[PDB]
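Read the single chain below, which is given as structure tokens and is the form deposited without the named molecule.
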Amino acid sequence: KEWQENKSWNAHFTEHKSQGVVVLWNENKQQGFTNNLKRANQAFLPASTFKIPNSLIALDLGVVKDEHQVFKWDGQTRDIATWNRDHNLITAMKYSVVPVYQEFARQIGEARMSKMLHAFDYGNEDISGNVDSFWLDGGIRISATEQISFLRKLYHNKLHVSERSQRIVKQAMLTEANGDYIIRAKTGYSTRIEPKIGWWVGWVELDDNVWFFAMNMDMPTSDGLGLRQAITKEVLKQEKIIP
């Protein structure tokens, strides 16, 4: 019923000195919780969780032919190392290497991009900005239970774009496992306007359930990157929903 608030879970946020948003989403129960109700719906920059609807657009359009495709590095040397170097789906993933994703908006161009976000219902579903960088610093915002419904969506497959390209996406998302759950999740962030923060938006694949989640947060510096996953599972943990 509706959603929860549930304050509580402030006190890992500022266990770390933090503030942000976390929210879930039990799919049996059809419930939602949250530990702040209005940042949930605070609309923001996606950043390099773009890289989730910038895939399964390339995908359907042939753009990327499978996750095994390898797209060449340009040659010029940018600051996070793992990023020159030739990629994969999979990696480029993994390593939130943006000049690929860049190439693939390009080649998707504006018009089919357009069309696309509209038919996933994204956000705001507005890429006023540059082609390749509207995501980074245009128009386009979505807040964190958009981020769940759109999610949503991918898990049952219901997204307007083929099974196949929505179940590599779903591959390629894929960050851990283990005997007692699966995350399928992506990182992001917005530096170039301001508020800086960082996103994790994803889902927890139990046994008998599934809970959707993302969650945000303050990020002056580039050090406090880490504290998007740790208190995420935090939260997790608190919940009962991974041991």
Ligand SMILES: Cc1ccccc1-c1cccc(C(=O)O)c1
Contents of the next structure:
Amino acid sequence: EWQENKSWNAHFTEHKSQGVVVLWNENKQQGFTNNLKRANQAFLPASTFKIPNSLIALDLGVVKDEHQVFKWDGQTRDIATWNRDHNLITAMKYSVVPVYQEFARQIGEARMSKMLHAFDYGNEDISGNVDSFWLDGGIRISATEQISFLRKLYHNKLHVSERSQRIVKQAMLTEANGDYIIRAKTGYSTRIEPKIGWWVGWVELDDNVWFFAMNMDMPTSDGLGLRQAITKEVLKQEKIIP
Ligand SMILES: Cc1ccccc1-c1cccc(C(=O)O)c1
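Now the other one: the form deposited with the named molecule bound, given that the block above is the form deposited without the named molecule.
The complete assembly is shown below, putting the previous chain first.
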């Protein structure tokens, strides 16, 4: 069921880094990783949490649909793309923390805790501030746990409406061409050691789906592009994408 290929470590060490990639072949129900231990170690989800947060906001009516405009609050932040109006699509695309912090405040502690337990999401622990627990609170999730959550979303098996799940999968759209479609979300965790980057999602092919979840050490923001680059290089090596 699970296979470890330690040779894949070269994808990380050749960039003076360390990390884990986890792949899941949906047709064959088989998983692959370079590091079984790190595949099950739990980290802050950071902006990968925008996936469950979006689902909860939509199902509760906090967000009406993917067109609703969340007006910039007029507070100049250091990320230029955050200083503007957003909808769910652009908020996901630009990982707009302040929009999602307001979602969480409107969701509230009780409903957020209950929905994460319903999702079986990570350690399901929202200890900390309701508007930042996924950045510096107690919640944790492993790469293998990301896969389990994403598989439910893919199959519309999470305990929210089909509509909510369809909308979030639309907002996760990252890349599409004649060969494959990638739906995914990046993450960047800096408030608690070790600093890491995430990329989680799946690759849709004509006749199969491959789920993936990776994290890697990220001491500096200069390496953020490696999250996607390394993942796609692993996918190419395994002949999942050309
Ligand atoms: C939080 C943050 C701090 C320092 C540098 C970049 C970022 C950031 C901000 C928004 C999106 C992303 C990203 O990866 O997509 C990264």
